[PDB]
Amino acid sequence: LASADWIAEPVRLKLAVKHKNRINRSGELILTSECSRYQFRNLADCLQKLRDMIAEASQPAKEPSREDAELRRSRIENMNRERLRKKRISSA
Amino acid sequence: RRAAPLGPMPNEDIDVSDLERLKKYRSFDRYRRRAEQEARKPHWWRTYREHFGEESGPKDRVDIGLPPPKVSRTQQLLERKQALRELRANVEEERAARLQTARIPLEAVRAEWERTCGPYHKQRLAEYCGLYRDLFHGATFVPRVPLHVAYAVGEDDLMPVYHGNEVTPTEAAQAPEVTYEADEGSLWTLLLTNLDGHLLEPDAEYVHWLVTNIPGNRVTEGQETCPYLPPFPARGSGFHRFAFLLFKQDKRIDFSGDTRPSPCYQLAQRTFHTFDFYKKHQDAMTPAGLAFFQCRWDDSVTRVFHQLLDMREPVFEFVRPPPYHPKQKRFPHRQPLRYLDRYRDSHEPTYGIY
Amino acid sequence: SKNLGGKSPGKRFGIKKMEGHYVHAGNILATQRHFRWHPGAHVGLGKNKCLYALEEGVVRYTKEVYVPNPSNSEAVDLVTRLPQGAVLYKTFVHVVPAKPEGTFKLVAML
Amino acid sequence: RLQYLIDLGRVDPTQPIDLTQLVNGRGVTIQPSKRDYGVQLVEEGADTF
Amino acid sequence: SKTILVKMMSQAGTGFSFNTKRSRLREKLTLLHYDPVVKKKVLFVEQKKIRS
Amino acid sequence: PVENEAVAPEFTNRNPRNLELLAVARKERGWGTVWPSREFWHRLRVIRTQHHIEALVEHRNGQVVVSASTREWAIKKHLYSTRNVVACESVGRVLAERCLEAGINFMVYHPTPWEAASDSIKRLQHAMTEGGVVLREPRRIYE
Amino acid sequence: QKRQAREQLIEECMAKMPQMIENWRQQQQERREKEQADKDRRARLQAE
Amino acid sequence: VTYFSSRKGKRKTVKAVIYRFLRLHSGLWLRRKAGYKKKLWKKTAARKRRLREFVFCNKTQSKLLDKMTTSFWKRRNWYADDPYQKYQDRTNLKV
RNA sequence: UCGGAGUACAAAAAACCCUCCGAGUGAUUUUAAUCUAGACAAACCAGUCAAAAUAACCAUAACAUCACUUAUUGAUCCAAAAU
Ligand SMILES: [Mg+2]
Ligand SMILES: [Mg+2]
Ligand SMILES: [Mg+2]
Ligand SMILES: [Mg+2]
Ligand SMILES: [Mg+2]
Numbered sequence: 104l105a106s107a108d109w110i111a112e113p114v115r116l117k118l119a120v121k122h123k124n125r126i127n128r129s130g131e132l133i134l135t136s137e138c139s140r141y142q143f144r145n146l147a148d149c150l151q152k153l154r155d156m157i158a159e160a161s162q163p164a165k166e167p168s169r170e171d172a173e174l175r176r177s178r179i180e181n182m183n184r185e186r187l188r189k190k191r192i193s194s195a
Numbered sequence: 027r028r029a030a031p032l033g034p035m036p037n038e039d040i041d042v043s044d045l046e047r048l049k050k051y052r053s054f055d056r057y058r059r060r061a062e063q064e065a066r067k068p069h070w071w072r073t074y075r076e077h078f079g080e081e082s083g084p085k086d087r088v089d090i091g092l093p094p095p096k097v098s099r100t101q102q103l104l105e106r107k108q109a110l111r112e113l114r115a116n117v118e119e120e121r122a123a124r125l126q127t128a129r130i131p132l133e134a135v136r137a138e139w140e141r142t143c144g145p146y147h148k149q150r151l152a153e154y155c156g157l158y159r160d161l162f163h164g165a166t167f168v169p170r171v172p173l174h175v176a177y178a179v180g181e182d183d184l185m186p187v188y189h190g191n192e193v194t195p196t197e198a199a200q201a202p203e204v205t206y207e208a209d210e211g212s213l214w215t216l217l218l219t220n221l222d223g224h225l226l227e228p229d230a231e232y233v234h235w236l237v238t239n240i241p242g243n244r245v246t247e248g249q250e251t252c253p254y255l256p257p258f259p260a261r262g263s264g265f266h267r268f269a270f271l272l273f274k275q276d277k278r279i280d281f282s283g284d285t286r287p288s289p290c291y292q293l294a295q296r297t298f299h300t301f302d303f304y305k306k307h308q309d310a311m312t313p314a315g316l317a318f319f320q321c322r323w324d325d326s327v328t329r330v331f332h333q334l335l336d337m338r339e340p341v342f343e344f345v346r347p348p349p350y351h352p353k354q355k356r357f358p359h360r361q362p363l364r365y366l367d368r369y370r371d372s373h374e375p376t377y378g379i380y
Numbered sequence: 039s040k041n042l043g044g045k046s047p048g049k050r051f052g053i054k055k056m057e058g059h060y061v062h063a064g065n066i067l068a069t070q071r072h073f074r075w076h077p078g079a080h081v082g083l084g085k086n087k088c089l090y091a092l093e094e095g096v097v098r099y100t101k102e103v104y105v106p107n108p109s110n111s112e113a114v115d116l117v118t119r120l121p122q123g124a125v126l127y128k129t130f131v132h133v134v135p136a137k138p139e140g141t142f143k144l145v146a147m148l
Numbered sequence: 100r101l102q103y104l105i106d107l108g109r110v111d112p113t114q115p116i117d118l119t120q121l122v123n124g125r126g127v128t129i130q131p132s133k134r135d136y137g138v139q140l141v142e143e144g145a146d147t148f
Numbered sequence: 013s014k015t016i017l018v019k020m021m022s023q024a025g026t027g028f029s030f031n032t033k034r035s036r037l038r039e040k041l042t043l044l045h046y047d048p049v050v051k052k053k054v055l056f057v058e059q060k061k062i063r064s
Numbered sequence: 038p039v040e041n042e043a044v045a046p047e048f049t050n051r052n053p054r055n056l057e058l059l060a061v062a063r064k065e066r067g068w069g070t071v072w073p074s075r076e077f078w079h080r081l082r083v084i085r086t087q088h089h090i091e092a093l094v095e096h097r098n099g100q101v102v103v104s105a106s107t108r109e110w111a112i113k114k115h116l117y118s119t120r121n122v123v124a125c126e127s128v129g130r131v132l133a134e135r136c137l138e139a140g141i142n143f144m145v146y147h148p149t150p151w152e153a154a155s156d157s158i159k160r161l162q163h164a165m166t167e168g169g170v171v172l173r174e175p176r177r178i179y180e
Numbered sequence: 112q113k114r115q116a117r118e119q120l121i122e123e124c125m126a127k128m129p130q131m132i133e134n135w136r137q138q139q140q141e142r143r144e145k146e147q148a149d150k151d152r153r154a155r156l157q158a159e
Numbered sequence: 094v095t096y097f098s099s100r101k102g103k104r105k106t107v108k109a110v111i112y113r114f115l116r117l118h119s120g121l122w123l124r125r126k127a128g129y130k131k132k133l134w135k136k137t138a139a140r141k142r143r144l145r146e147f148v149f150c151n152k153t154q155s156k157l158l159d160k161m162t163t164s165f166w167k168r169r170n171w172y173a174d175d176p177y178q179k180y181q182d183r184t185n186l187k188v
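Residue numbers (the authors' numbering), protein chains in the order written: chain Bu, 104 to 195; chain Bb, 27 to 380; chain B0, 39 to 148; chain BP, 100 to 148; chain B6, 13 to 64; chain BS, 38 to 180; chain Bv, 112 to 159; chain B8, 94 to 188.
In case anyone wonders, no lab produced these hints; they're calculated from the structure. It is possible that part of the hints are untrue.
Cut-off 20 Å, straight-line C-alpha distance, at most; resulting in silico cross-link-like pairs (PhoX-like, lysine-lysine) [stated by the list, open to error]:
#	chain 1	residue 1	chain 2	residue 2
1	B6	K60	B8	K135
2	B8	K131	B6	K61
3	Bb	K67	Bb	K85
4	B0	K128	Bb	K67
5	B8	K187	Bb	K353
6	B0	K85	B8	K136
7	BP	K133	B8	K105
8	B6	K61	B8	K135
9	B8	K136	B6	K19
10	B8	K132	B6	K61
11	Bu	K152	Bu	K165
12	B8	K130	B6	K33
13	Bu	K117	Bu	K152
14	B6	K19	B8	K135
15	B0	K85	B8	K135
16	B8	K135	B6	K14
17	BS	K64	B0	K137
18	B8	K167	BP	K133
19	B6	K33	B6	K14
20	Bb	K355	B8	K187
21	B8	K135	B6	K33
22	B8	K108	BP	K133
23	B6	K33	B8	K132
24	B6	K19	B8	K131
25	Bv	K127	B6	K51
26	Bv	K145	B6	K40
27	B8	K187	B8	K152
28	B6	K40	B6	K19
29	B8	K132	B6	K19
30	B6	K33	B8	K141
31	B6	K33	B8	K131
32	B0	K101	Bb	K67
33	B6	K14	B6	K61
34	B6	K19	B8	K130
35	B8	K141	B6	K19
Let the sequences and hints guide you as you build the complete structure.
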């Protein structure tokens, strides 16, 4: 990712943020496709995925909208671990 | 062909003769109660409890505890009676009651609870989360000494570890502050164990932080056997549980066998069985304090595997079993067309010789 | 004649799977004109009062205490008129679930 | 099948391949009477071609 | 008393129809139904009388 | 390779609390001839004696996980009139606290139609809500 | 032209929906209160 | 069925079959459900669906329909755009 | 022709120009969607349930209800409708 020059620097940095899950400790971004028995179709899926990632990262207008369906647990358990975290005295 | 009931039939007790002179519960709720009490008794016929796993049912508990504090029944009773007399006496209090305005000083209730019935509640939470099942295998102890653990999230921030609570690995990147009350003739041992998340060995766990020969309440003064290693669950698997155990020991104990190297970033070197470790030192060590937390993978953990353990980072999925389909039939009868798609291998045409 | 139309086939009400059998989710366990067997754990009730398995597993029959829904007038009345020690019992069908909910597999080592 | 046909030298890739060439190699069979409008090309061997 | 089978039409502008048994001596029927094309709960008014 | 690198393909998670928190576990669908619904991981249960108010949190095992009672000396000694509306509110707050401390944010509460109208219990629910514990558990995934 | 006609019709009448169903709701509520007021004004005239 | 025609001496097909069934190449026959257009207002949503299906015939019926139909209707067809081309072969059938 | 009870005593099925009750619909508004694992039942045709998933609505909102509820029903073709 860092060594790829065909993508702009701001984009190359945002990619390393959103997709860090699929990045590798050697710095490698890794895409994978499965579906078809024909690897032409697979390669095409990969390339289309890459195109789309670069597309959404190169758009500053991306608002990263999040659904409340699977994230309700996240927000509530966050808030509720923040009720306990709220104890204030310095330590270490 | 009649058989003979084995033991009592449920309603055989009450008299059918003269129903009008029998007292009934005209309340739905009274009935509900009586029923739930009846559902808790050990009946002689096939029951829900039997099949659905009361989990060993009756179990004689090998108890490795600290002996329960000895307190006078009658004296305590008298004092409490008195306190309640005094509290009921005030007119101010009654005013607070009728007008629906009152508050309880929660911190004090938390203190009293910690002091009194807390150990038992913490115990049954530990039972619930199966601490005892994975550690001592059969054994229950009541946490007589309260254990206060906390993490530093910043300068002003303190994240407590209560029993069963959730904490993020970011918070746990540093060794925590530990507090409990003992005078010093005392010697203690503190232990932090990752109960699950051992990669190779389903029956084994990881030692994160092991400290020993702890004078009094002094945490840092003790010699550290195994240096603190931050929590590292794996991306796929959810919610590993970490255990803080506190043993009260008599003799000073020295173990070169359990001692680990200072950096100790090898996983084969931290592999642990709380059972065995306790078997060893069983005579001197009696487990006393307990506090534990639930922890799931978060961003910071990635840094561990690469930077410390010099590993690739393992990621997991949750895989559900493939759906069950009946044997395929040559002439599926009266079955929708989409039947043929259930046994389909992959969706792609295949032209065999063509 | 005086008598007419007594003729209709049997509805085949009965109990399709028996205690100890293996079932797959959606199998009909029993079917009935009135409630004879009530649905227990992991057993769904149909609108025709038939019982079907919601999970793959083993069928078990059981006697248990019956505590009717307070929205049901009749049943609450029946319960309310009982002598104070008495408890209604009924017969239930459960499925003890066999397969584990799912497993954790190793996808990729990064 | 097209590849298998070329490999065994039934159809030769040198000259242009149209329907008549496919028929003459008996790689395919057309029966217009059955409303065959011709050959269609499918991707079955794409990766190996 | 007889009932009647009337054809009921969406006010959603989508041509969509469903037939309903309605009391003969009653008023012209109006309902809130589900229209599949617009995928909504919309107002249906009786257009026509099909069966008697 | 690295002796650390060994993993094994199938990861065993012994933690009983796990699949519940993940929402992927099995609730018990069923019954529904009877009441209340037995479908839940955790259930709030409020017992009112003519003397004391007792709020339990149960697991479908019947096992009480975390509870707050008025017979408890900690709560008993601070306040007055064990059976009051006030007491219900109190027990609610205590329970919310202990629940957060226990790591359980969700439970089902199934009151009776007339217990729903009662003030003591409305204020118990309020106390439980402000405490951060949500009633009405999250749905199952691939239920 | 057919597709655009259909879409036009649907948008047009979907804009008109809340007004229609609210108007019909008020109509039916007014009808109910009309009948109930009739039955009460009859009940009191029969009682007297 | 006419087993030997008069003019040609061949075996005729019964067209009444060709209109209501569909023969896949595997030998499975496919049919609509009976009464699926009839009296819809009187029926459940569920039942309506059960009717709207395309379903398979049991062996006996399949042999019957085969006998009532000449060889032409059993040939392998390749239609452009055909919905049913997906379904003509059988897979993973262990018998 | 269709349903309930007996005959048919406890899984199913089970006859008579056998013994008895019924049905060929009302009333009401909660107007009751799409799609699909797996089953019941079954000579065939017909009948029955139903998870998950979508979409509708509280913004994690799918069993029309009552009358013993069970029965209130009719295949192809062909006609009328135009969706
Ligand atoms: Mg009969
Ligand atoms: Mg008969
Ligand atoms: Mg051909
Ligand atoms: Mg069968
Ligand atoms: Mg559903």
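Hints versus structure:
Taking the CA atoms of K60 (chain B6) and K135 (chain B8), the gap is near 18 Å; set against the 20 Å cutoff, the hint holds. For the proposed pair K131 (chain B8) and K61 (chain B6), the alpha carbon gap of about 18 Å is at most 20 Å, so the pair holds. The straight-line distance between the Cα atoms of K67 (chain Bb) and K85 (chain Bb) is roughly 16 Å, inside the 20 Å bound, and the hint therefore holds. This hinted pair checks out: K128 (chain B0) and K67 (chain Bb) have alpha carbons roughly 16 Å apart, not beyond 20 Å.
For the hint linking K187 (chain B8) to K353 (chain Bb), the alpha-carbon distance of about 8 Å falls within 20 Å, and the restraint holds. For the proposed pair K85 (chain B0) and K136 (chain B8), the alpha carbon gap of about 16 Å is at most 20 Å, so the pair holds. Distance restraint check for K133 (chain BP) and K105 (chain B8): the Cα-Cα separation of roughly 18 Å lies within the 20 Å cut-off, and the hinted pair is therefore satisfied. Taking the CA atoms of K61 (chain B6) and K135 (chain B8), the gap is near 16 Å; set against the 20 Å cutoff, the hint holds.
Distance hint between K136 (chain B8) and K19 (chain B6) is fulfilled; the C-alpha atoms sit about 16 Å from each other, no more than 20 Å. Distance check on the hinted pair: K132 (chain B8) and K61 (chain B6) sit about 16 Å apart at the alpha-carbon level, within 20 Å; holds. The straight-line distance between the Cα atoms of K152 (chain Bu) and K165 (chain Bu) is roughly 17 Å, inside the 20 Å bound, and the hint therefore holds. Taking the CA atoms of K130 (chain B8) and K33 (chain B6), the gap is about 18 Å. The hint holds against a cut of 20 Å.
At most 20 Å may separate the alpha-carbon atoms for a hinted pair to count; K117 (chain Bu) and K152 (chain Bu) meet this at roughly 16 Å. Annotation: proposed proximity of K19 (chain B6) to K135 (chain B8) holds, straight-line Cα distance about 13 Å (limit 20 Å). Under the criterion of a C-alpha separation no larger than 20 Å, the hint pairing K85 (chain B0) with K135 (chain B8) is consistent with the structure, at around 19 Å. Distance check on the hinted pair: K135 (chain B8) and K14 (chain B6) sit about 16 Å apart at the alpha-carbon level, within 20 Å; holds.
With a C-alpha separation of about 14 Å, the suggested pairing of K64 (chain BS) with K137 (chain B0) holds against the 20 Å cut-off. With a C-alpha separation of about 13 Å, the suggested pairing of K167 (chain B8) with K133 (chain BP) holds against the 20 Å cut-off. Restraint check for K33 (chain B6) and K14 (chain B6): the C-alpha separation of about 10 Å stays at or below 20 Å, so the hint holds. Between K355 (chain Bb) and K187 (chain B8) the alpha-carbon distance is near 9 Å, which keeps this suggested pair within the 20 Å criterion.
A hinted pair counts as satisfied when its Cα atoms are at most 20 Å apart, and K135 (chain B8) with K33 (chain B6) qualifies at roughly 9 Å. For the proposed pair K108 (chain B8) and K133 (chain BP), the alpha carbon gap of about 19 Å is at most 20 Å, so the pair holds. Simply put, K33 (chain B6) and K132 (chain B8) have alpha-carbon atoms about 12 Å apart, close enough for the 20 Å limit, and the pair holds. Taken as a hint, the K19 (chain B6) and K131 (chain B8) pair is honoured in the structure, with Cα atoms around 16 Å apart against an allowance of 20 Å.
Between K127 (chain Bv) and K51 (chain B6) the alpha-carbon distance is near 16 Å, which keeps this suggested pair within the 20 Å criterion. With a C-alpha separation of about 18 Å, the suggested pair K145 (chain Bv) and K40 (chain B6) falls inside the 20 Å cut-off, and the hint holds. Note on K187 (chain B8) and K152 (chain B8): the hinted pairing holds, with a Cα-Cα distance of about 17 Å set against a maximum of 20 Å. At most 20 Å may separate the alpha-carbon atoms for a hinted pair to count; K40 (chain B6) and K19 (chain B6) meet this at roughly 11 Å.
Among the hinted pairs, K132 (chain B8) with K19 (chain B6) is consistent with the structure: their alpha-carbon atoms are about 13 Å apart, no more than 20 Å. The suggested pairing of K33 (chain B6) with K141 (chain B8) holds, with an alpha-carbon distance near 18 Å, which does not exceed 20 Å. For the given pair, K33 (chain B6) sits about 16 Å from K131 (chain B8) by alpha-carbon distance, which is consistent with the 20 Å threshold. Using a Cα cut-off of 20 Å, the hinted pair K101 (chain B0) and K67 (chain Bb) holds, with the two alpha carbons roughly 13 Å apart.
Straight-line distance between C-alpha atoms of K14 (chain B6) and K61 (chain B6) comes to about 14 Å, which keeps the hinted pair within the 20 Å bound. Distance check on the hinted pair: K19 (chain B6) and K130 (chain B8) sit about 16 Å apart at the alpha-carbon level, within 20 Å; holds. Simply put, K141 (chain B8) and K19 (chain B6) have alpha-carbon atoms about 18 Å apart, close enough for the 20 Å limit, and the pair holds.
Taken one by one, the earlier hints all hold for this structure without exception.
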